[PDB]
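Q: Starting from the given sequences, assemble the full structure and let the hints guide the process.
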Amino acid sequence: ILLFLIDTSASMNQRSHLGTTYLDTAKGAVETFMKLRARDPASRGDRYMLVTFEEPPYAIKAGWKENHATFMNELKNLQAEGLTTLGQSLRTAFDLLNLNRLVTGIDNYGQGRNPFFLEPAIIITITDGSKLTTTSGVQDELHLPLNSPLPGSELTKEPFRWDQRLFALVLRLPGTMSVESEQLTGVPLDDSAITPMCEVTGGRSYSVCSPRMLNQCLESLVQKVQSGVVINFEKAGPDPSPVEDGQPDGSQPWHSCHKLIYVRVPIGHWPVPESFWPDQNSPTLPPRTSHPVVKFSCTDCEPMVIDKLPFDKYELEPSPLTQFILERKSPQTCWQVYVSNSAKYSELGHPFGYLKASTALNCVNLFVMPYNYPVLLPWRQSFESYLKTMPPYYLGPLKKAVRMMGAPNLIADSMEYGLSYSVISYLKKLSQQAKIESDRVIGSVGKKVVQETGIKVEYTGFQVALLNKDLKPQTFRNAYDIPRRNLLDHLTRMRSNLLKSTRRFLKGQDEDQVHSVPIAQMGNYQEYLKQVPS
Amino acid sequence: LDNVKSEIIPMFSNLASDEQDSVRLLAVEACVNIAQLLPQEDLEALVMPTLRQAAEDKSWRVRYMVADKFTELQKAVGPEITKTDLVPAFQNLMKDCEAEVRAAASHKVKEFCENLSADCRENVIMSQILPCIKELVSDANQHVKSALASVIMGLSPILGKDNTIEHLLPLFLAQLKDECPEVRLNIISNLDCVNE
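Just so you know, the sequences run in chain order F and P. Numbered by PDB author numbering, the letters in the first sequence go through residues 3 to 251, 257 to 271, 278 to 391, 408 to 486, 523 to 599 in order. For the second sequence, PDB author numbering begins at 198 and goes up steadily by one.
Accuracy of the hints is not assured; some may be wrong.
As the list claims (entries may be wrong) - Just a few of them, taken from the derived set where beta-carbon distance is under 8 Å, the chain P residues facing chain F:
{"no.": "1", "residue": "258"}
{"no.": "2", "residue": "296"}
{"no.": "3", "residue": "338"}
What the hints assert, rightly or not - Label-pair restraints from in silico Cβ distances:
{"no.": "4", "chain 1": "P", "residue 1": "327", "chain 2": "F", "residue 2": "566", "range": "32 to 38 Å"}
{"no.": "5", "chain 1": "P", "residue 1": "289", "chain 2": "F", "residue 2": "566", "range": "42 to 48 Å"}
{"no.": "6", "chain 1": "P", "residue 1": "294", "chain 2": "F", "residue 2": "566", "range": "34 to 40 Å"}
{"no.": "7", "chain 1": "P", "residue 1": "220", "chain 2": "F", "residue 2": "590", "range": "32 to 38 Å"}
{"no.": "8", "chain 1": "F", "residue 1": "590", "chain 2": "P", "residue 2": "323", "range": "40 to 46 Å"}
{"no.": "9", "chain 1": "F", "residue 1": "590", "chain 2": "P", "residue 2": "294", "range": "18 to 24 Å"}
{"no.": "10", "chain 1": "P", "residue 1": "323", "chain 2": "F", "residue 2": "556", "range": "53 to 59 Å"}
{"no.": "11", "chain 1": "F", "residue 1": "72", "chain 2": "P", "residue 2": "307", "range": "54 to 60 Å"}
{"no.": "12", "chain 1": "P", "residue 1": "370", "chain 2": "F", "residue 2": "72", "range": "50 to 56 Å"}
{"no.": "13", "chain 1": "P", "residue 1": "327", "chain 2": "F", "residue 2": "590", "range": "32 to 38 Å"}
{"no.": "14", "chain 1": "F", "residue 1": "563", "chain 2": "P", "residue 2": "294", "range": "39 to 45 Å"}
{"no.": "15", "chain 1": "F", "residue 1": "563", "chain 2": "P", "residue 2": "370", "range": "26 to 32 Å"}
Don't read these hints as lab results, they were simulated from the structure. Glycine included, C-beta positions come from ideal geometry on N, C-alpha and C.
A: Listed below in structure tokens is the structure:
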């Protein structure tokens, strides 16, 4: 799923050095991105959406239940007229991407946080350089407005989601020559108000300066689409305890890269449950975070973990692997990882996995382990006392693995909270109704706005008409659509047309055809008694 | 003669009974060739059953081919053989669902009538050819109508003066004031041969 955000604002009317405006260059770049992505044999399941800088009823051009034909037709007729309302457009796009999330089961907020339930989405937000306006002045903060929150959105406290990356294109093409071609293989950043918003999600922001640089950035962007598993790392709290082959001193601490969870839907178990201590009676649930604040500690702690535990291959995208490569990729050794923010009743973090590398030393495998592996792996009334340290709802998925061996547990203590189940079906129904109402009025514009609003300065109610583009005057049916110049000739033409008594008469003077004239479409409505047997 | 009677007839019978359709395309050519080469005394008992069983096959290709290559057959086998059993073989090629065989039969009947003797020509025309003409004129397909309009304006001198006003004028006026222009272009481009 790819949602292209093209502003089509009035500031996108300035002409480049090639002769076309920035909007035409953006549309051409989108078309070349389409034809480049079509090369990879994986573009048979994705869906394209379009978002412009227009009113909430008119911002979306093609959303759910819209094929490629209507999407291309809407992107073709894009007009650059309006202000640069970036915040409202980003909010509308994020709400559109989060319409079918509370109904299928993604981010249920009650049963862990399953990383194998993915809904990838990439935003391009092709906008102008700077100087965004909000009908009052020029702002320099880019704060997303919060006026009408969706039902069930206060449990994340952030507009974007687990898998929602945000790339940006500014299209800073000069007007005279664009002769800046010193650095060949180098794509700098835009350094604008959208740069922090993009970096928070996990995607960079390109700075287009030349058509060659545009082609380079488009060819570099097609290689950044996969399953979205974005997790945040922190150096705390080990004081860079990497004393293995050298001495530490770094910027590879707050790594917020993605992870490629390739399927073999995705197959996996043992998710990151949450970051708080869930109580048995809690009417209000604390809001989750889109990026989990999980921290790693550099300790050997028996990296050899061999068992019949179901295996996972959530591949990690190499972005800050320099710190690992400095220590020879940690051969035959790993380092634990633990989620912060009160992972248990009374403690600060519980190691639930590690980041052991592969034998090929190519990337990090991201070995996800159970909540507390070094205890259950090595019954004398031990498991009954051990199952009290883990979160309650967490007994859900692990028991499935126990199904591979037997079934000692039951549904006696399989209860998260009596108040968490309530006020959940109503929120899901409200979200479904909102998604249906949004998908219903998605393409039907029905503007019907043509007036001059004649002010005084039949009274207080007059309004002069405006020039209608698609008027289609009926010359043979309506007599008012016949001007004075070609009146007598048109009169004789109408007379001859009425006195001819032909078959299948029409009221159009000369209606040649539409913009498209297909050969197969016209040849299908015919009959040819021939087969060419010879 | 002996070489084609002894060993070529079995080969031809085995090739005519093939389960493929593309072989009949050339089997009918071999048949018309051996019919034109051989004399009269060795047709009514050797080549007739093969062409009869091939002209009524499940496929329409062999039927189209025998409809095309029919003038040579009717001119080589003689008039009597065409009087005995060629009438049903020619009639079954005008009442099919495919328009190709009907158009071919319409195109060929003009010169098929040219090589017909004057002993049973008018009888078979007013008794058998006339119903087929009347049922093919009112067809909905445009190709067969255009073929008829282009081919039927050659049988006027054969029927005579007192036979045009009988049935030729109604069908001519019907094909003239038709809905599609394809049949009108053919019925109006061959109106000089009916002036004499």
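Q: Honestly, which of those hints from before does the structure not fit?
A: none
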